[PDB]
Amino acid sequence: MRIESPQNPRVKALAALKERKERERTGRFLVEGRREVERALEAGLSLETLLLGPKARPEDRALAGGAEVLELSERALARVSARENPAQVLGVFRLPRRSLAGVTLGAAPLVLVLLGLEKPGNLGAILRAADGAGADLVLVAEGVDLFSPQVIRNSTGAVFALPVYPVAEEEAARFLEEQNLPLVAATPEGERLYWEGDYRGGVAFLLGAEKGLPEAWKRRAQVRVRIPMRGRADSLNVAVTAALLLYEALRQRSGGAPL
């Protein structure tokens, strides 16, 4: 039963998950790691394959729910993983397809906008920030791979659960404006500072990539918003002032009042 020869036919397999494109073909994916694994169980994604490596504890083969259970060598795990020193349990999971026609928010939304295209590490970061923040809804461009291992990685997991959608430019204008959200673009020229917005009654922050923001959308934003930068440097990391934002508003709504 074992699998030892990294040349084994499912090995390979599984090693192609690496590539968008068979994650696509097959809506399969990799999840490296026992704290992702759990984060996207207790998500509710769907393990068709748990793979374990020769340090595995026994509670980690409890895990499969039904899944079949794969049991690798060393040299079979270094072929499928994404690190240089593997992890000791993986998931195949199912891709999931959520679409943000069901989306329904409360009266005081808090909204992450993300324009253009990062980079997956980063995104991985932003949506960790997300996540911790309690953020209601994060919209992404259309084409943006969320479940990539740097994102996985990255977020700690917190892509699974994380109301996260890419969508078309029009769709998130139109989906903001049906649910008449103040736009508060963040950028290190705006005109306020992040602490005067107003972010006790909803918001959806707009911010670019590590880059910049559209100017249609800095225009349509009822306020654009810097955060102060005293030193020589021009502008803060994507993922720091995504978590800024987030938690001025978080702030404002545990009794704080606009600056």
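Residue numbers count along the first chain shown, from 1. For clarity, a rigid core is taken as the largest C-alpha set superposing within 1.5 Å between two forms. Compared with the form deposited in another entry:
- Among the candidates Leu181, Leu110, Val92, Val144, displacement between the two forms reaches 2 angstroms at the C-alpha for one position only, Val144 (superposition on the rigid core).
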Given for the second form:
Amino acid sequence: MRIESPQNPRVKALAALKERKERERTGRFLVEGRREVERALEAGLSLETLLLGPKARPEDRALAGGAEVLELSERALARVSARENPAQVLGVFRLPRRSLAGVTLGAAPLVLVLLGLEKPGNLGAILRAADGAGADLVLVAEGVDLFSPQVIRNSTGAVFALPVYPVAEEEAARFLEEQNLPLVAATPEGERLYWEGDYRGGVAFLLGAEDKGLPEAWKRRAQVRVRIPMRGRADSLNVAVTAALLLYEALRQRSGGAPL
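Rather than the form deposited in one PDB entry that you just supplied, could I have the structure of the form deposited in another entry?
So it's only the chain below, everything else dropped.
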């Protein structure tokens, strides 16, 4: 089926998926970009509709594997895309079902706990860093939706394969207690420099919201509160930069380095 008019009803339906409410109502979501579509397919997500733009290449069509295939003009593509410059390959996938029930951790896991994050770019960047550092688990507690377009783009598709689970704040606390994982709260006023923590054992790093930071209750639960030094005018670092810094310090230590 070929579609030209940006006013085609399917195009309005497709463009609607950029909204979290439509994703919840339909159970489906949009994945934009060849790499991102590849990663969703490779992660086992169920493709319902492949969207091909005018400058798509022959191999793109072979990705559909039985899903409906729609050709879109540059005009209709522009409406469906979340990007100033539209990608040429997109996929409508069924939202995945994932629960922490099936998750088992090894002896010394590296875990990230994200509490209240609001900016989808920050979440995507954290997921990219978690991929780089080999994080064993990412718990997203009450933040922006994991399948927001910018999470997919900023994660370069890593959101689909990463062990990342949206959880309620209370379930995060429960799961952390159940797993007996030591909690390390990252907070700018933390009493200990982050380099001075030992992360060779199992560890869960707690990161707070971009505006208000970690709730006092969560800082209290942690065994230790760590800080990343601020030597200039900024009072705080970006949440994703902080997560990366913590993950790589732990990786440094797990790669042979000694705590400070």
